[PDB]
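There are 2 protein chains.
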Amino acid sequence: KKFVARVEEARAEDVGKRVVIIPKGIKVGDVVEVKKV
Amino acid sequence: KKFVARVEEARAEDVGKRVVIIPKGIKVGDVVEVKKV
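Protein chains in written order, with the numbering used here: chain A, 1 to 37; chain B, 1 to 37.
One or more hints might be untrue.
Copies of the same chain look alike in the list, so a pair counts if it works inside one copy or between any two.
When the alpha-carbon atoms are kept at most 30 Å apart in a straight line, the in silico DSBU-like pairs for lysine-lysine are as follows [to be verified]:
1. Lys17 with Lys36
2. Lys1 with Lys35
3. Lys27 with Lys2
Simulated from the structure, these hints should not be mistaken for laboratory data.
Taking the hints into account, I'd like the entire structure generated from these sequences.
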């Protein structure tokens with residue numbers, strides 16, 4: 001269960017969605033691979 | 001450049017943060033591995 005996506009900035013319409021908060025070192029625009037463990 | 005974290009619900013204080021929006025299939029509470037590609 002894995003996917004690829006780009007980090008993005010949270011906006012008012014994102015409130016209520018499921019997210020992983022991204023830390024410093026990884027910026028908006030970066031591509032990340034997310035895999036459920 | 002990788003980390004492990006739990007999916008969480010976006011709230012009003014998360015507006016402005018960097019996030020990956022998580023799709024259906026992965027829920028709040030799930031542990032995921034995030035790796036910059």
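>> Checking each numbered hint in turn, tell me which of them this model violates, lowest number first.
In response: Structure breaks no hint.
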